[PDB]
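S.K.: These are the residues of each chain, in order.
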Amino acid sequence: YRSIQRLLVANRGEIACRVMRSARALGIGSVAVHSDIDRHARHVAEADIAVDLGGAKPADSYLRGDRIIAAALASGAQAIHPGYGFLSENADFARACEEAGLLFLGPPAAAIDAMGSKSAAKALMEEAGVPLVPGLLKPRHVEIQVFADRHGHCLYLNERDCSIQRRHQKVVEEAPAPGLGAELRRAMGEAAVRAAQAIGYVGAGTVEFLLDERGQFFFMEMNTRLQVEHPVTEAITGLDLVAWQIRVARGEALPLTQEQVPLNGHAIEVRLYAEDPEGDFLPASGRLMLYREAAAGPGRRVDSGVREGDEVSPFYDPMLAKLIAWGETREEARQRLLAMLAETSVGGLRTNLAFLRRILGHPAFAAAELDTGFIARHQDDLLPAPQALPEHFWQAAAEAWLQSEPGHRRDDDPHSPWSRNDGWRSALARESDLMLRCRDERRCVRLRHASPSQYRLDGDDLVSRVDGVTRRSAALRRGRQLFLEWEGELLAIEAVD
Amino acid sequence: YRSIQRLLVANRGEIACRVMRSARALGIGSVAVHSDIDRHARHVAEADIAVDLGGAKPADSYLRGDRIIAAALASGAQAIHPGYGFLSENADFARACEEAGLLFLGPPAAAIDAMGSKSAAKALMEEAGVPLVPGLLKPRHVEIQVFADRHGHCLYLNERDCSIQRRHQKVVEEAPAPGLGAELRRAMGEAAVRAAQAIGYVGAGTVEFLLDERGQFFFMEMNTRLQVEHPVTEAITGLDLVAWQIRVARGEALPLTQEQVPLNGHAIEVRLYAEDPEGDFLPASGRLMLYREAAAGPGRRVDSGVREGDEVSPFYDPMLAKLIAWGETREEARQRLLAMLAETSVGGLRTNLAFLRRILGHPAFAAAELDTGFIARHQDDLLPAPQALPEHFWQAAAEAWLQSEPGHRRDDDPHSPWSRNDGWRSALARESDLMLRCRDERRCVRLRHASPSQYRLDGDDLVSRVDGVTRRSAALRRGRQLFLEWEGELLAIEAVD
Amino acid sequence: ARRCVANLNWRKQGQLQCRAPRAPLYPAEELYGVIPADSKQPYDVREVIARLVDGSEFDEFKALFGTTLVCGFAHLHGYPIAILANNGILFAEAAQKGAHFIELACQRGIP
Amino acid sequence: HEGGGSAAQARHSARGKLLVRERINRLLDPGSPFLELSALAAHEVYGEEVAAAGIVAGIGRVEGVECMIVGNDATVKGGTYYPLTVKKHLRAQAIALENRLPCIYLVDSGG
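Chains as they are written, first to last, in this note's numbering: chain Z, 1 to 497; chain V, 1001 to 1497; chain F, 2001 to 2111; chain U, 3001 to 3111.
By construction, these hints were calculated from the structure, which means they are not laboratory data. Heads up, the beta-carbon is just placed ideally off N, CA and C, and yes, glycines get one too. Check before you lean on any hint, since a few could be wrong.
As the list claims (entries may be wrong) - Not the full set, but computed from the structure, chain V residues with beta-carbon under 8 Å of chain F:
#: 1; residue: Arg1410
#: 2; residue: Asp1412
#: 3; residue: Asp1413
#: 4; residue: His1415
Said to hold, decoys possible - In silico contact screen, one side only, chain V against chain Z (beta carbon under 7 Å); selected entries:
#: 5; residue: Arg1336
#: 6; residue: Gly1468
#: 7; residue: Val1469
#: 8; residue: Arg1471
#: 9; residue: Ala1474
One chain only, chain Z, in its complex shape:
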C-alpha cells in the first residue's frame, strides 16, 4: 500500500479543476502542468504548484510526456492523473510514467494498448463472453462504468445513455438509461465487467455498447480512462469516482460489493461548447466577455474550467462547461436542468447554449425517443433559421442600452440633474436618439416615451410591464457590448462609430 502527497494533473481545463477539487478534498497537494498559452488559465490557479511545459499547440506541450514526467517528478508529486484525452490512453506514457517511480492513475500499460486496435480487442472480447456484432435499427449508444482495484475486485456502477450526438460527438448523456429493464441492466452490467477482467483492469473505465430496438447489445470499444461524462453516473449513486482512482492507486480496495452500488433518482448532463448551433458546428474561439453560470441549488451541479473574461484558445477542445442536473424522476432532472440552462449566459462568442436550450425542451426528448440518429432527425426543430426579429426587440435593446451608461457625474456638483439620462425635454416627451448595432444590422433607435414606464432595469435584469403582465428578462453589459437574452438566444448589441 503506497501513499500520495502531491498528485500532478497532466491536463488542463474543467477536468484538471475537477480532479483538483477531489485531491484537495482528500488533503492531497494538487500540482498542475500548463502550456505556455495557459500561464493565465484557471487550473494553474487552483493548483498548489504548477509547471511550464511547451509553447502553444497541444503537441509540443500537454502531450510532451518527457517533460510532464520530469515535471511531476521535480515537483514532488508521486502520482500523475492523465485526465481524459491527451495522454490518457497509450501504454507508452503509463509505461515510462510508472517506470519513473510514479503511480499512473489508470489501467496498466498492458490493458491500455489492448483496446488500442479493434483486432486485439474483438479478440479478447470474443473470447470473453462479450457479445460482438454479427457479420442495427435505431440503436442507442449505452455505456457501462466499471471499477477494479489492485486486488481483483471489479463492479459496474450502472450505465448511461449517450445517444443524442452531433456527427459523432456526445452532447446529452443521462443515467440510468431511459428504456432498459432491471435484468437488461444486470445483463450488460456483468457483460462489461467480463471484458474487464479480460484485460486485467486496474483503474476505472467505460465499456461502450450499442443496444438496438430488437433488444440486443453489442460491444463497440472501450476507454481506459475516466469517461468525460462521469458526473451523471456519480449523480445516481453518490460516489466521487476521481477519489476512488486515488484510492485504487494507493492499494486500497473497492468499498462496495456489486449488490451495493446504489441507484436512487435520475441525472442528465450537457456539454457547453464554444461551437455554433446553426453555423454547422464551427468550433469558433474568441474571448469570454460574459459568463454567468446559474446559481447552485435544488440538485444543480456544474463542472467548468473557465471564468468570464478568459481567453478561449484555438489549440484546444472548445468545451467551457458541463451542466449536470438531478431529480428523483426523469422529468424532475430535465425540467430542473432546463432551468440551469436558462439561468446560464455566455456572451462574446459562438455558443451551443441556444441549441441545448431547445433540444432538452423538444417534445421528442420528453418521451424515450432515443437512438443515434435523433440529432439529425429533428434537425429543423433544433437548428432553425435566424431572422432580424421584431422592433419588439430593438425597443427593449435600446431602452436597455440607455439604462446601462450613467451619463456622467461631475465631482463639481454630483447632485447635478444633468446626469439623468432620461432624455428630458421642454414640453414634448423624453427624446433619446441612439446609434445601436446588433448581430450585424445597425439601427438608429428613436426612443420617445411620454409614459416614463415601458422598461426599467435592476441589476442584470430587464423588467417589462407588457400590459399588466410583468415579465423579467435577463440583460447585462460588459464594455462596448450589452448582452440581452431575447427568446432563448443571447444577442450582443453595441455602439456604432
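Since chain Z is already given, all that's left is putting chains V, F and U on it; use the hints.
M.R.: Frame of chain Z, contents of chains V, F and U only:
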C-alpha cells in the same frame, strides 16, 4: 424532569465558546462569567448575559465558587457547566452548587472527590472488576468515554489514543485508537462502564487506561468532567457530547443503547499552544498579531476561543484552539489535518504550530509507532536547531515587504506615478534598498531587479515563478510586521529604526 | 531629515482635470524599431505618439495643414497634454498651425 | 555610479561615511522612483574624470512629497565644485523653483 432556561458557563476560552455554541443550538440562553482581564474576551461576547468576577489571577476569579454561584443565581440561570479544569472536579463546588438550587452538569458530589485520591479509587476499581497495575513496555495511553444518566443507563462511546505527550500533557489525541482490535475495544469499553456503575456516575467522563505491548490495559485514573479532547470522539460517532450533558441534567434518558453507539471513520486532533517548539516549551504570552484559521471544508472542524488581535494572557492556559479533521480512513484524516495546519497561521508570539506540522508529517506517525515515549524518541526530527536560512529567503521577504506599503497617494493628484514603489530609475534597473530585520538579525536588502518578475503578491499570498515552476507561499502583513511562512515556520519581518 | 519633510503641512498647487490612467495600445519598447537607423530617413511621428499617450488616443488639430508639424490633444497617465511633434521640414503653415495650437492649450491650461 | 573610482570610494566608507547614492536611497520612501538629472554631467569635459560632476541630483518621494535632492560625492575630486558642478547644483534649484519642490541638500563637499 427539570428544565434549563439559561445555562451558566463558569469558564473561559474555547471551552466556553464550545458549550455556548451547543447551549444556543438548543434554544438555551448562555451566561458566561468573566475575570477582570477578560471583559474584552471572546466568550463574554458569545454570551447573552455575562458577569464580572474577581481580578486577574485564576484564583481571585474563575475559582471563586461563591461568586460564580451567586452570579449564576442572580443571572437567571438554572444550571452551571464547569467546563474542564478550574472547578470541574471538586465536591465542594457541585455540593454547594447543587445546594444552591442549580443543577451541576457533572457527577454528583460523592463521585467527584471519589477519584480524588488514588487510594479511594484503587479501592473502587479493584472491587469493581477493572484491572489495576500489579506490584510496562512501550505503553499507549488509551482512554474511554462514558455517559450515564439519572436512570442507571450508561454507555461507552468507544476510545481514544492520547499517547503523543510533551513531558506529560496531551498533544495529539485520536479515535478510534490505532492498534486494538474489535474485542480489545468492547474489552476496555465495558471495563470503564464497570468503574462507571462503581461510583454511581451521572454525567460524562473519561476512564484513562494504559495498555502495553503484551496486550493488557490498566486503570490509571479517571476524569469526572468532559475531557479536553472530546471532539475526536464526537467525530467518529456523530453525537454532541455537551448537548447530551444538558439532557441528562434535565432528567432525559440516554437515546442510544450500548449496541447503538456508532463508529464510522477516523478523527485526529491537535492542541494549538502559545508554547514554543524548540525553546523547550516555555508557555510564552504576548499578543496575537496574526491569527488565520484554515477555512471550513471536507471534514474540518476547529474549536477556538480567541480571535486575531486578542491579548494572550499569562494567568491562563496558553491554548488558542483545537484543530480536528476526520476521514473515512486514518491517513485521510491525517493528510487532511495537515492540510488545515498549513492553511493555519498565527504570528506575533511563540507557537507550537511549527512543531505540530512536522509531527503529523513524521513517518513514525504514519505507522502505528505509538507509546508515551514517541514525543521523546524522535526528539531531533521534531525540534531541529534553527539557522539564518538562505538569502533565497531574505530576498522574498524583501520583495514581499516592499509590496506591502502602497507608498502613499496624495489627494492632490491620486493617479500620480510617484506612488508606484517599483523602484524605478532612469536607465539602470529598479533599485529599492530596504533596511529590514527578521528574527534577531537586521539586513539591508539590495533589490536590483532588471526583469520586473521574480515575485508578485496578491491577497495574502506571495506567488513566485521559479523557472517555469510557479508556487505560492502565504505571506501577509500587520503593523510594522510582515509575517512570511517560510518552510513550515512563520517568520516575522519588521523595519529597522 | 525625513521627519522635517514630515511636518511641512505641504499641499500641491497645480490642478488639471486628469482622468483614470490607461496604458498605451502598443508596447512602449516597440519604439526602438519605430526610429529608422538612417538619421536622414523620413518616418511618421504619430507612431511614437501612439506609444506614449493613454489608450493611444490622439485628437488631431489642423489635421491636414502644414503637415510638417503634427499637433493634438491626449492624456498621459491621467494628465491631459497638448502635443507638438515635428514631422519633417517646417514651412510657414506649420508655424501658424503650431502658434494657433499653443493658443488653445494656453487658454485651457493644458501642459 | 562608481564616483571617484573604487579607489577613493572605499577610502570613503572607511571614514564610516555612507556613500552619496546610498544616502539618497536610504532617504527616499520605500521603493519610490527617482529621476536623476544630468548623470553624464561633465563627461569627458575636464582633463580628469569627474563622475556626474561631483554631485548627484534628482526628484524622489520623501514623506509623500515630490522632492528635489542634491548631495555631492566627496569621492569625486574631494567633492570640490568644478564649474559644471555649479551649473548642476543651480540647474537643480531651477527645476525646484519652477516646479515648487521642497529642497534637501545632502552636504558633503570640499570647497
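S.K.: Could you run down the list of hints and mark each one as holding or not?
M.R.: Do the hints match the structure? See the list:
1. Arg1410: Interface hint status for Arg1410 (chain V): holds (6 Å vs cutoff 8 Å).
2. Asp1412: holds (3 Å)
3. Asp1413: Hint holds; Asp1413 (chain V) Cβ to chain F Cβ min 6 Å, cut 8 Å.
4. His1415: Holds, about 4 Å.
5. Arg1336: holds (3 Å)
6. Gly1468: Because about 3 Å separates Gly1468 (chain V) from the closest Cβ in chain Z, which is inside the 7 Å limit, the hint holds.
7. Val1469: holds (5 Å)
8. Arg1471: With a closest approach of 4 Å, the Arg1471 (chain V) hint holds.
9. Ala1474: violated (12 Å)
Checked against the numbered hints listed earlier, the structure breaks hint 9 alone; every other hint is satisfied.
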